[PDB]
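*Asks:* These are the residues of each chain, in order.
There are 8 protein chains.
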Amino acid sequence: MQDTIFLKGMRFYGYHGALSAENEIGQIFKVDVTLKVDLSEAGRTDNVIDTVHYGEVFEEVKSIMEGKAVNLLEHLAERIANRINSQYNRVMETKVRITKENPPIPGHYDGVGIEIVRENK
Amino acid sequence: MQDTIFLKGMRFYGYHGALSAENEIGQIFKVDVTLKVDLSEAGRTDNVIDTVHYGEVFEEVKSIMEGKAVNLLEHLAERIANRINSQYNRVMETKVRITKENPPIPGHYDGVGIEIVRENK
Amino acid sequence: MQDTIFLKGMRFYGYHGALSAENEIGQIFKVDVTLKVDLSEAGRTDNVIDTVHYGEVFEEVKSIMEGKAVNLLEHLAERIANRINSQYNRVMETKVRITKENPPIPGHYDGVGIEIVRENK
Amino acid sequence: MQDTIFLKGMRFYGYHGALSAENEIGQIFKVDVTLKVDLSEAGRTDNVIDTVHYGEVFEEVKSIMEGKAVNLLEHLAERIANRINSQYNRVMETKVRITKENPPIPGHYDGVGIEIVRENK
Amino acid sequence: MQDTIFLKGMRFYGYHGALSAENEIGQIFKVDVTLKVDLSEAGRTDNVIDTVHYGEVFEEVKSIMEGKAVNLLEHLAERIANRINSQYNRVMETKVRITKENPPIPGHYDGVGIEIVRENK
Amino acid sequence: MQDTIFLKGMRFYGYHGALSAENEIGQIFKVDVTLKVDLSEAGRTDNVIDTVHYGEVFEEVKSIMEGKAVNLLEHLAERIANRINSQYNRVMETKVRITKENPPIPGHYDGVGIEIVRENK
Amino acid sequence: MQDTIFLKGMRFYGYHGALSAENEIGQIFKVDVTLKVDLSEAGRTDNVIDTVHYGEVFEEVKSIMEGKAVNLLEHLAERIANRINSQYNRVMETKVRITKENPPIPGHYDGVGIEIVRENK
Amino acid sequence: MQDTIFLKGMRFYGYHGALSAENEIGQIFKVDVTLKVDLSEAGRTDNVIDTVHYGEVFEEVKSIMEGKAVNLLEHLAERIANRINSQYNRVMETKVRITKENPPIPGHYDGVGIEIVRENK
Ligand SMILES: Nc1nc2c(c(=O)[nH]1)N=C(CO)CN2
Ligand SMILES: Nc1nc2c(c(=O)[nH]1)N=C(CO)CN2
Ligand SMILES: Nc1nc2c(c(=O)[nH]1)N=C(CO)CN2
Ligand SMILES: Nc1nc2c(c(=O)[nH]1)N=C(CO)CN2
Ligand SMILES: Nc1nc2c(c(=O)[nH]1)N=C(CO)CN2
Ligand SMILES: Nc1nc2c(c(=O)[nH]1)N=C(CO)CN2
Ligand SMILES: Nc1nc2c(c(=O)[nH]1)N=C(CO)CN2
Ligand SMILES: Nc1nc2c(c(=O)[nH]1)N=C(CO)CN2
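Protein chains in written order, with this note's numbering: chain A, 1 to 121; chain B, 1 to 121; chain C, 1 to 121; chain D, 1 to 121; chain E, 1 to 121; chain F, 1 to 121; chain G, 1 to 121; chain H, 1 to 121.
Bound conformation, chain A alone:
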């Protein structure tokens, strides 16, 4: 079952980070959420009720990325995956990738971050 619903490159300005200066000025956070969902039912019916509505998922990601500040990307991603898994039983597994394209690191790079994969129980 390799069917998925995805939201790529979501960007939210937030104040997450371990260092107080970054909690102070903030930065853009890029998020990729991929969901394992069997889309064969919606595929035949064309009824939105038989799949996971991506607009709602975005709202969920937004609510966490733009809510209270946390020290780690790991924790934000854990909160996001848990949020999605809890409210959508059709989702079998949630993968969340959060990239800091401009973190507090003296150097030249495209980005740093984390990715976690969590099955829905």
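Bear in mind the hints are in silico, worked out from the structure with no lab data behind them.
Check each hint, because a few of them may be wrong.
[Unchecked claim] Straight-line Cα separation of at most 25 Å, SDA-like style, residue types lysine to any residue; simulated pairs:
1. G:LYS36 <-> G:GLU93
2. D:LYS8 <-> H:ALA18
3. B:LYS8 <-> C:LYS8
4. H:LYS30 <-> H:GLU59
5. C:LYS8 <-> A:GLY111
6. F:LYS8 <-> H:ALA21
7. E:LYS8 <-> E:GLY111
8. B:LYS36 <-> A:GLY107
9. B:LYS62 <-> B:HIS108
10. G:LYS68 <-> G:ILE28
11. H:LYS95 <-> F:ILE105
12. E:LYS8 <-> B:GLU24
13. D:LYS62 <-> H:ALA18
14. D:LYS8 <-> G:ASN102
15. E:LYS68 <-> F:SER20
16. G:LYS95 <-> H:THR34
17. F:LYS121 <-> F:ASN85
18. A:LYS8 <-> B:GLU66
19. E:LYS62 <-> E:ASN85
20. E:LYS68 <-> E:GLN2
21. G:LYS121 <-> G:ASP50
22. A:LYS8 <-> A:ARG97
23. D:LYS8 <-> G:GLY107
24. B:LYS62 <-> B:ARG83
25. H:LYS95 <-> F:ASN120
26. B:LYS8 <-> F:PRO106
27. A:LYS30 <-> A:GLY107
28. E:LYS62 <-> E:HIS108
29. G:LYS95 <-> H:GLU115
30. F:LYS8 <-> H:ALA18
Please build the complex by placing chains B, C, D, E, F, G and H with the ligands on the supplied structure of chain A, with the hints as guidance.
*Replies:* Structure of chains B, C, D, E, F, G and H with the ligands alone, referenced to chain A:
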């Protein structure tokens, strides 16, 4: 057997979507189709008849992405995969990814979408 | 063993294609070659003789992509993989991806193509 | 366990290479480091002490990419993976990808390079 | 008066070109149209009737880029500028840039093309 | 006097547009604001009080792009330029460019929009 | 007279440079050539004989960028502009921009280079 | 005299900024330096001594962008232009553009910055 024929970043303007406003103005839809096909025969013969002609596949994708409007990306992708699997027995599995780079979602992101994988029976 | 030597986005102007008009004007062909090679020996010795020299591989890819014209990307990729596998015993598997970013297809897309994976016997 | 901490597109100017001319003028080296780390502990605690701090990892990559010159990308990557595995027991596997976007190769391409994956024992 | 209405990167698949092979397979044509129009009236009134509607302009560009085939980009651009100048008296000057990103030229480049500027009399 | 302070590629999700469907779903608006300001005073003193603070300008652009909906880009740009000219006497001329990368237009293009230049009296 | 014929982002691998190491390994050179040519004649006639054929210009640029090695970009650009001005009387002014995206400079940047503008006498 | 020597997209990590938090963590600064220099002498002689060596200019830009911290981009740019004008009499005018792609601004944008043009007396 990890041989494939691919069509990346196809873009079609369409009126698909669950919300009537988007069925009204439309938007660009980006499609990636990857096909599992054993290319060792064509690889030795150099005869187009022994592989799946990518131009034809494109025509198939186009016909669906630019035809009648549907509510979900899941359904468009299901129609595409089924179309390709039905007409090309050499295709062992069809993966279709459809991305909405600018869907009806208030925010900043690179894209949202779905991907399904369907073996040809 | 997930060690690799890679050459990404190689571009050669060539006259390959099934339709005579394209054999006539040509186009750019983008090639990605990934090689499964155990790099632990070179990793400790730092001697180029214990790994596969990427410059040589490029020469091999170039010689095929810029040589005689063929009808299919499948056949070019098969010739490339076979070339690399034959001359480099350290290579355990050769993956070749060839993309036509601007093929003879009326539409909007980022690219179409094929990818094959061939183990060295 | 598909949880990861990543650092994408790090870029360092260095003098690594087999040919003396390139050891002489140098070039930019792009590095991607992906780490297999269980982030469920940090995910619940929000304490940086329970995950691998990405800033430190960067420092490690930097120290190698910008230190003494070596002939092969394989060797730089082997040194990086070994460095990370040695100092971070929470890391279960280190993947390092080093790309030379502008190596000593007469042609047109996006990049050439290597990728290795090393589990921490 | 440095006010403008612009349409950047329009892309149309067409069969324009001096060589019969290219009139045969076609290619994508990228068009940039910039219009010198005093926008102070619309700027205060917020009524679409006091400015040049960009949607209509696009229709005009489309009609030419996707209509009958011509040998030169110069001629397509001349037809476009004349079309816009004739139907929109508010337009004081029309600049049209047409780029062939993949013309019949053996080599490596981002694009070739022409740009003309025509005042409306 | 060719000194400038600039803010490139600002992006705001808004509901501006002449067609009610677009006022309904919205889209991203990209804004470039360039300001003619003599920076020789700040250049020698290094005191923020002698130049125009770019953070404040952004706040001004944001307030308009994210406030009440209007039919035309011309009007949004006129409001922005007037806002900046009114509150910053050091600004000699304000140029505002607003691009709709995904407007209600059936086709393939990079963007459409307007640019106005307004001197401060 | 703001009409132009352009060739953007041409790329040639060459061995130009003041330092012997770079004359030894080479690098990619990106060239932009813009030509001031009145296109109103070709614009009405649609005959290639009344404009400057861009394919030929490319051949000229290629012949210099890929011929004998020189120390400076200034000199390559001077040779190119002079070549174009000499053979095409319809060309009123030739602008040549040559960029070294990866020159012998320890640092992070997108490119360095020169641009010259030469009227045809 | 529209001849120029340019250095585009130089990137340096620095601690410049008016707010103490940003002086603390830093960020990447992108710099474009364009120089008005008559290149006809070097164009005929091919001797580096008759033009301005771009490598040296880079060293100058680097020394300022990576040296002592200042509050404003205006001041950094003023120091750079003055540095270049003082040491290179062949330079008739220096244009410096400094972009902060990720400044302390809550929002979505590509960049903010300043550009100054200074003739050499
Ligand atoms: N997974 C998913 N969610 C959606 C979809 C869709 O096609 N798939 N379409 C929508 C209409 O805007 C809204 N939400
Ligand atoms: N899979 C596949 N399809 C094709 C190919 C090709 O090389 N592979 N070449 C074509 C010639 O334009 C047309 N169609
Ligand atoms: N796989 C591989 N091939 C190479 C390498 C290298 O580091 N790895 N370095 C080279 C020096 O330019 C030349 N060729
Ligand atoms: N893996 C990891 N390392 C970090 C993180 C983080 O969120 N994850 N946050 C930091 C604060 O800048 C510093 N270092
Ligand atoms: N010049 C111009 N043309 C338009 C504009 C606009 O803002 N400016 N808005 C439209 C609404 O989609 C349609 N057409
Ligand atoms: N024009 C301008 N505005 C600013 C500047 C600056 O350097 N120039 N620096 C700031 C510090 O974040 C804030 N605002
Ligand atoms: N300036 C110019 N040169 C050309 C043109 C063209 O349209 N303009 N078209 C060609 C056909 O490939 C060949 N050469
Ligand atoms: N303006 C300028 N400066 C240079 C040039 C060049 O061609 N032009 N070439 C160099 C050789 O690396 C070094 N420095």
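*Asks:* Does each hint hold? Answer for all of them.
*Replies:* Structure-based check of all given hints:
1. G:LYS36 <-> G:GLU93: The hint holds at about 5 Å.
2. D:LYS8 <-> H:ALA18: Roughly 29 Å between the alpha carbons, so the hint for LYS8 (chain D) and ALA18 (chain H) is violated.
3. B:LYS8 <-> C:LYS8: holds, 16 Å
4. H:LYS30 <-> H:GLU59: holds, 15 Å
5. C:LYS8 <-> A:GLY111: holds, 20 Å
6. F:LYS8 <-> H:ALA21: holds, 23 Å
7. E:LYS8 <-> E:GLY111: holds, 15 Å
8. B:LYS36 <-> A:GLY107: violated, 41 Å
9. B:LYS62 <-> B:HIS108: Distance ~28 Å between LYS62 (chain B) and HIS108 (chain B) Cα, so the pair is violated.
10. G:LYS68 <-> G:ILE28: holds, 15 Å
11. H:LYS95 <-> F:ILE105: Cα-Cα ~38 Å, so violated.
12. E:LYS8 <-> B:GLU24: holds, 23 Å
13. D:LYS62 <-> H:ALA18: violated, 29 Å
14. D:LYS8 <-> G:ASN102: holds, 21 Å
15. E:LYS68 <-> F:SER20: Status violated; Cα separation ~35 Å.
16. G:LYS95 <-> H:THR34: Distance ~15 Å between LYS95 (chain G) and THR34 (chain H) Cα, so the pair holds.
17. F:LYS121 <-> F:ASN85: holds, 8 Å
18. A:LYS8 <-> B:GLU66: holds, 23 Å
19. E:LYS62 <-> E:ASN85: The hint holds at about 16 Å.
20. E:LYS68 <-> E:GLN2: Violated - the C-alpha atoms of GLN2 (chain E) and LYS68 (chain E) are around 34 Å apart, more than 25 Å.
21. G:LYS121 <-> G:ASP50: Status holds; Cα separation ~19 Å.
22. A:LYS8 <-> A:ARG97: Given pair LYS8 (chain A), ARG97 (chain A) holds - Cα atoms ~9 Å apart, limit 25 Å.
23. D:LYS8 <-> G:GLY107: holds, 19 Å
24. B:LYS62 <-> B:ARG83: Holds - the C-alpha atoms of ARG83 (chain B) and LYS62 (chain B) are around 11 Å apart, at most 25 Å.
25. H:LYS95 <-> F:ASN120: holds, 24 Å
26. B:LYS8 <-> F:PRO106: holds, 21 Å
27. A:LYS30 <-> A:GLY107: holds, 19 Å
28. E:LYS62 <-> E:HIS108: violated, 28 Å
29. G:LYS95 <-> H:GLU115: Holds: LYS95 (chain G) and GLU115 (chain H) sit about 23 Å apart, inside 25 Å.
30. F:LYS8 <-> H:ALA18: Judged against 25 Å, a Cα distance of about 20 Å means the pair holds.
When each numbered hint is compared with the structure, violations occur for hints 2, 8, 9, 11, 13, 15, 20, 28.
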